[PDB]
Amino acid sequence: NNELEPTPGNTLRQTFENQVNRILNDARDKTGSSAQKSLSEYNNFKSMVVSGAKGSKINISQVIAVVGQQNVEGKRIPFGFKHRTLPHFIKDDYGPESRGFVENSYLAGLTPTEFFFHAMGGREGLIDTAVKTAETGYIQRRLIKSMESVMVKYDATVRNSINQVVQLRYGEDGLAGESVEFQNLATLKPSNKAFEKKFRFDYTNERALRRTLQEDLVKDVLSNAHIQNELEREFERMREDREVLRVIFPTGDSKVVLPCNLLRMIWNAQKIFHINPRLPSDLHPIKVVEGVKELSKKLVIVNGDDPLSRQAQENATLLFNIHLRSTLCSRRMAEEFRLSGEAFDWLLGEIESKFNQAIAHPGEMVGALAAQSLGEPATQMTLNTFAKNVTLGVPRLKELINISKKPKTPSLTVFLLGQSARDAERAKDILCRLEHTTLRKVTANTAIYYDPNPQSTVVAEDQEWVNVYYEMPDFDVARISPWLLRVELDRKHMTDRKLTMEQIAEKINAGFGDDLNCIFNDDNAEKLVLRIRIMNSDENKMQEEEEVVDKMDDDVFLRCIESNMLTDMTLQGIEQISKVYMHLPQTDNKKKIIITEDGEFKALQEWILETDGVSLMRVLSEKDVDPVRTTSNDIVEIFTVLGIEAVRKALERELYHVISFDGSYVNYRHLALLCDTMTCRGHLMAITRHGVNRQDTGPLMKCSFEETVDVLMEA
Amino acid sequence: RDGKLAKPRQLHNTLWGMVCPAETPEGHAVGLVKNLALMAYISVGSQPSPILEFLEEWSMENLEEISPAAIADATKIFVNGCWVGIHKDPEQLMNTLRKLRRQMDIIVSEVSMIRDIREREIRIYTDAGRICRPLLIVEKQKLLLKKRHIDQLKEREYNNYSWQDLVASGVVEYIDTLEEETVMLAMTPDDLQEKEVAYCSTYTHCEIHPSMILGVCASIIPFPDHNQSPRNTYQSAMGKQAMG
Amino acid sequence: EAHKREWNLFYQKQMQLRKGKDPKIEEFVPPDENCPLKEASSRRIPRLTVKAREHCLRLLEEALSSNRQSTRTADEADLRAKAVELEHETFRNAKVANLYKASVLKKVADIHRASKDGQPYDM
Amino acid sequence: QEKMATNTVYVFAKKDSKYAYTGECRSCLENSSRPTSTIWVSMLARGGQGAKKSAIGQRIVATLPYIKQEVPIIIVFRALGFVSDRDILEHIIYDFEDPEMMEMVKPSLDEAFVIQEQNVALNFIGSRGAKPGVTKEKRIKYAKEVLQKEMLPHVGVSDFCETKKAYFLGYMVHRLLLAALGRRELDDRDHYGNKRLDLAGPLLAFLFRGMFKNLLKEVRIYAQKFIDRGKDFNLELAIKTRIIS
Amino acid sequence: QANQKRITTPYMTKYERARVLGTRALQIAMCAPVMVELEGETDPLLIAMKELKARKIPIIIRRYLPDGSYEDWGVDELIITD
Amino acid sequence: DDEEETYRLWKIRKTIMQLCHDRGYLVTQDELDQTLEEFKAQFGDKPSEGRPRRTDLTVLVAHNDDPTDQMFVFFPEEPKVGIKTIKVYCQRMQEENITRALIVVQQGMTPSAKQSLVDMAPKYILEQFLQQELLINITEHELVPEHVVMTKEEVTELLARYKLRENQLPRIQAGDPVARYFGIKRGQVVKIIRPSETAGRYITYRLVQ
Amino acid sequence: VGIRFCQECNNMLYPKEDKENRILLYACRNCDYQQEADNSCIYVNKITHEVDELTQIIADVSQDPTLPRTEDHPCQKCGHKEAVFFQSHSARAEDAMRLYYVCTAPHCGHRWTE
DNA sequence: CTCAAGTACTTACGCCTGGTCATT
RNA sequence: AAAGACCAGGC
DNA sequence: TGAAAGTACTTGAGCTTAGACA
Ligand SMILES: [Zn+2]
Ligand SMILES: [Zn+2]
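Respectively, the protein sequence lines represent chains C, A, L, W, D, F and X. Here the first sequence stands for residues 722 to 1107, 1114 to 1442, where the numbers follow PDB author numbering. Here the second sequence stands for residues 491 to 734, where the numbers follow PDB author numbering. Here the third sequence stands for residues 498 to 620, where the numbers follow PDB author numbering. Here the fourth sequence stands for residues 197 to 441, where the numbers follow PDB author numbering. Here the fifth sequence stands for residues 46 to 127, where the numbers follow PDB author numbering. Here the sixth sequence stands for residues 2 to 210, where the numbers follow PDB author numbering. Here the seventh sequence stands for residues 12 to 125, where the numbers follow PDB author numbering.
For the record, the hints were derived by calculation from the structure and aren't laboratory data. By construction, the Cβ of each residue, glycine as well, lies at the ideal position given by its N, Cα and C atoms. Some clues are possibly wrong.
Unchecked claim - Which chain W residues stay away from chain X? Per the calculated CB distances, all over 10 Å, these:
#1 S213
#2 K249
#3 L412
To be verified - Here are the simulated PhoX-like pairs of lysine-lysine, each with C-alpha atoms no more than 25 Å apart in a straight line:
#4 A:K630 to X:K92
#5 C:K1278 to W:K302
#6 W:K327 to W:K345
#7 L:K592 to C:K1350
#8 C:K874 to F:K192
What the hints assert, rightly or not - What follows is a list of derived Cβ distance ranges for each label pair:
#9 W:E293 to C:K751: 52 to 60 Å
#10 A:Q731 to W:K211: 40 to 48 Å
#11 W:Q197 to X:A107: 38 to 46 Å
#12 C:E724 to W:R385: 32 to 40 Å
Construct the entire structure; sequences and hints are all you get.
So, in structure tokens, the structure goes:
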């Protein structure tokens, strides 16, 4: 009965399907929760699920409560027959039973229609499993043959067969990926007040020092000003490291991968040496500072006394040194860990040994390892991606690897600088100024009439403003063209884009010269009607004798004019931008992350724009669009606009997105190696025959990859 | 088989009762090789001479004698794809064709007759290769299969009363696919034919038994509706390898 | 993008020939004697005759007189300058002739609307 | 073996082809002879063809067998002996009270302005055959034979079947237009009602037809090689059962 | 390069360990004199492992740098990973 | 409209002066942060039939190391720049005896214009920049990392430290937007410093060819 | 809006302009025939195409056994209780899930949307 | 002579088991 | 028997 | 009965002129 309003960006059918899917998914989730709540502790399904050996909660839901909605190609079961799913159903039945929602569970048994719909649903998984494997294997082979010769030389510089430098140090830190673990910086995020309370080592208290430090060391700490100066220097260096971290890690992501687990070995030192937190420690804080400073010298990724070598070593070990100084802070040692001196020495020794073990072994075949570590998750990745829709999984990985000139769904996320970021009206204004709106999108109907004299007005409603306009010293006396093009502008589309007839007429004049008459109904009416003629006459001259053959009679000339206006008018926005979406993100990667006056990380919900089709240059040039955060998923235009290093970063981001979308994790060094070998020769080298054989490698290297005889002929 | 097009491989709504949904090979040929359902029958072919002769005898109009001005309201008549003419009273023509096929006087039970009401076309197919399955016939809200038919079939031995006599009695009808498009089926008679909360009242056919949609290998599965469909497919493809 | 130059050439060649011979036809008329038009001798807006601007000024004057016999303003002497200033504002805000006329007609309605709203037509 | 159903009209839409909507009819004549002769009737998308298309999407064209490239639908209709545009429209459009479909078929009429005679239409088609005839009459004969025999043989093959062919082609164009209006759903290839199954019967028939044709060809060759003497002829040594067996 | 100014890791890579153990085991199985004393060890692989643990393997590893130079590290000079 | 072109000119001038500052040329601090109103007052608002004619918007700057080489920014008035325009503008170029200058095209250049631009390498060097490309500072984008142009001594030290021949380094074509931004010719090496989530900071060197 | 045909050669009439009198003329280019154009309009384009479907809806659709029918909404003309309903059933119909009812019972054929 | 807009090549998982058939 | 093709099947 | 795409080729087009000074 048409009470369902269309959600913006979706047709009424799309919104209806979304509502039905939401209802059915909520029902299935509620039934699954109710069923799992009813399982006793002795239930074997629950015993298997909680152990994680096999099965899941949705498996118990399907077995016990409800199988759930069956989907074909990411949508509810289609109408294979004429507007009906099966002959048993009436035509145009969108109910849950007719469209494939299985009310029964596996235990209860499916009804025949539900059985057939479940067969259709399982056919999707069967086809995906059978068909994605070939393309995944081909992708793995291409990646391998691209990276097969990339290796870590004995100076730890990652180089290919031609000794060309791919990375100065493997993983940009020079260490292998087997020994690293996840760790928290614990310096990035803490409120400035909390940071100072946690890492300052306030020695003025004279009671906390007695409680935590031994009685002998308290007098030494207080009396000597050199102790206090060194401690304040340590805290200043830690604050500088905090600033460096906040520069390196926006969005406040404190989970990082580092070679050795500081907290775990601190705990091991506590247990090995029988450390009692209830008692004051015998560890001198200056001894902690000196041990940290000395240990930082023995953790060498880049050896050498050159200033270049010193800077390379500092940059390679910067993050790990920051984390180590954060965890090995004097105040943390005295307050939380309470480590003893001998325990601290043993901990330093273990840190040095484990970090030296974690260093990547020269001679390690890093290229093939990274290619396999990239291709292996592709096997478990779905071939399908199914209201912004972006290609994910194997097809998106293929698009990124080949750098397809025309991606299937090229999108361009947009961030807003000023008040448009927060206010919805200005965000909609930017939306309308970015979305391509030609004349056809706004006019309701257009027609070509015949008006031999303007005052005639063969259309009745136009008499008023027509007799208003032609009663001035105008060109009516001469042969005003009797052919009239009358267009009707749709009020809804008129006000949706905040367009007005003055803007449209200005665009018409700019595009078609001053020799085209445009007359409109200054709104405040009932039909946003616009009248346009093709006035040329002959400037009041003698008739017309022997007119040129290609006169293009005004009726069909008006035909061409109307077609050109309806097709290529570009009233607003930027071309190759089919549709722009607008929403407030709930995920932190698209949220605005700022540093408060307290130093904390807070996320602001600001309107962002996702576009179908990409034009990065003009969108970035556009007013009030954030030039720093705006980016697109396709790589070719990023190469043509922002450069090659921006391509490196954006390609790394796209690969990380397509890999971690399903929740999987792949160590960063493999992604970095792939992006570096693609962005190495200065241009976007594709992982394929054209680009792998375009390198200046050996002919026998190329002849093993997809060309053989051709490469040997060229050689 | 090397083609990556995943659309032809998909199980279609159009395969209901026609091809077994669960049973299909695994590998590069999934979905592209299909085995017949239990009740599925292939049209063998027939010469469309008697149907054309009856249509000529049943009024209608040829294309050579037709007036192009009076063809808009009338319904086109197609026989084996060729256009033979138009008819101004599709309802009675279809009713008489159905009666003749039910009693098997001029039209054999293999021939399929379709009335596409929205598009005003009537298609009659006598071609070979069409896939069809038998279905019970429903008049009003009651089956045409009565107690006496079952009583005579119980004594099928030494009676000379068989499936052919049941079909010739106008009780069961062979309905192919594109005629199944214009049919409305009932799953079981004791549930969907009797009066309840009104869903449909224009039932014209009722399935013999829903288990007939399964193939030869998928029919041996006990309680196949309690299984995940991929596992039914696996068991179907594996039963051919069972040893005995 | 290829069709853009194609359509531009086609349109320009098929409507240029429509102009015919002797395409000079400018004959810019100066303000005759007493045009109440600030910067009247202005060629910024092509094909905007001085008499057309005078006609728009008279239309604005009739609108202001209708507002006068709906709200009882001071007199007509200041209304003449009011109409002149409104016409000059519209002229500055306009770039092409038809847009200028459209803006002139848009003001006239606003006025009449205020007269229907019975309120004086303020700035 | 699965295959598309023969002698019926299908409408499909390709995503990147120069055709917006394509109608085809895989046609075979009673399975008596020839594998299949299939005909396409399509609409030329939206991109301009130089000077005529400036509307909602039109220019229906045909792809005849043994013709290298497209042929306008109105030219093909005129090649069947239908000169006046009203008769062609009556065959294509069944009711003239619907103006939108007429508006869409209008520029197809506009293209065939130049060709206004049946014989010149036949020459237009014949000049676009497999090989252009040197003389006008050879092209006329070739085009007439292609239109009569190979193009849509299921409706008719012999002589006066021209009216039936025109009616069926009009039905094809009507279905294509109905797809263009969106009044009919695009036909689904995977819909099994559009598929026929070639079992032992049809497969062995297709085999035996060609095999018996080869047997007859060999018999003719032997007869020709043995008749030049003029002595006599005997069938028993002229037949090689090895062929069929 | 010269013995002075050697730049590689003093740790021996696992690949160097594997290859040196294989080579030493092959030499031992081909009647080469054993360096460490053997306590009833008939298997050359365990003999080579014991030799490595005692840093007595008479092999120097020539580490080729990517620029074409090389550096000679004795197994005793390299410090065992295990 | 006219205000749109005024904002376009202001943004282009701001980006151009930031570009000149990044290349080591003496740019006053006030000029780098120039508000739209300040630029409007300085150059006279509307450019169409107004004070700024796209001439006298040109910028002359001097390099910090030596004030003699200088650099002098360009703004042709024509939508498409031709041989005559660059010819008279090079007559100015030789009159002022400077060598380095830019090119700010509205839409595009004739092929003869490009050929004449590349004709003299040693005498005068001129770089062609589109109007659209200057509407944003690509170096300020979050994807683009910090680029530093290395002197010849730094390049020699870098090659001696890692014992690399010149072609063994990673490459960056001279047509790269960032390479064009710094006006880098073939044979130079750009030092690239980008943050990493494994090491914290990573320095990459890209030879320009 | 529509298409008019010649009466001599039955070809299509194209719009022509009568220069001497300034009236719209429909002149066939196959011959010399010219006729007065009554509507004075040539081309109408409803790109948003707010077209009514009931003009494209045929009455015999009510004979379909596969279509649902309710007695809730009666006929406006004949007041018959039972009526068959269905959706747009048409492509390019924008976004429309509205219901098009057709009255059952013979010879009625009435249709209405709500 | 010299730029964008049409026509040709070239490739689509890893094995593993077997059975059949026409040429040689 | 040799390599060639085809087919079916396992993961 | 229904690839899909990337790359290496061609081919056509096609744009003011005037003499003095310069
Ligand atoms: Zn005529
Ligand atoms: Zn009624």
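For this session: Starting from the range 52 to 60 Å, see whether the pair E293 (chain W) and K751 (chain C) falls in it by beta-carbon distance.
Result: holds (55 Å)
Exercise. Hey, does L412 (chain W) actually stay past 10 Å from chain X on C-beta?
Worked result: holds (49 Å)
Problem set entry | Interface-negative label, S213 (chain W) against chain X, beta-carbon threshold 10 Å | The claim stands: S213 (chain W) keeps its Cβ more than 10 Å from every Cβ of chain X (closest is about 19 Å).
Problem set entry | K249 (chain W) remote from chain X - nearest C-beta pair above 10 Å | holds (14 Å)
Exercise. Are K1278 (chain C) and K302 (chain W) close enough, with their CA atoms no more than 25 Å apart?
Worked result: holds (22 Å)
Problem set entry | Range hint compliance [Cβ, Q731 (chain A) to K211 (chain W), 40 to 48 Å] | holds (41 Å)
Exercise. Going straight from one Cα to the other, do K592 (chain L) and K1350 (chain C) come out at no more than 25 Å?
Worked result: holds (24 Å)
Exercise. Regarding the pair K327 (chain W) and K345 (chain W), is the alpha-carbon distance no greater than 25 Å?
Worked result: Satisfied, since the Cα-Cα distance of roughly 18 Å is no more than 25 Å.
Exercise. Keeping to a limit of 25 Å between CA atoms, is the pair of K630 (chain A) and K92 (chain X) held or broken?
Worked result: holds (19 Å)
Problem set entry | Cβ distance range 38 to 46 Å for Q197 (chain W) and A107 (chain X), holds or violated | At roughly 42 Å between Cβ atoms, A107 (chain X) and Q197 (chain W) fall inside 38 to 46 Å, so the hint holds.
For this session: Compare the distance between the alpha carbons of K874 (chain C) and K192 (chain F) with 25 Å, and conclude whether the hinted pair is satisfied.
Result: holds (22 Å)
Exercise. So the hint says 32 to 40 Å: do the beta-carbon atoms of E724 (chain C) and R385 (chain W) match that?
Worked result: holds (38 Å)
Comparing the model with each numbered hint stated earlier shows that all of them hold.
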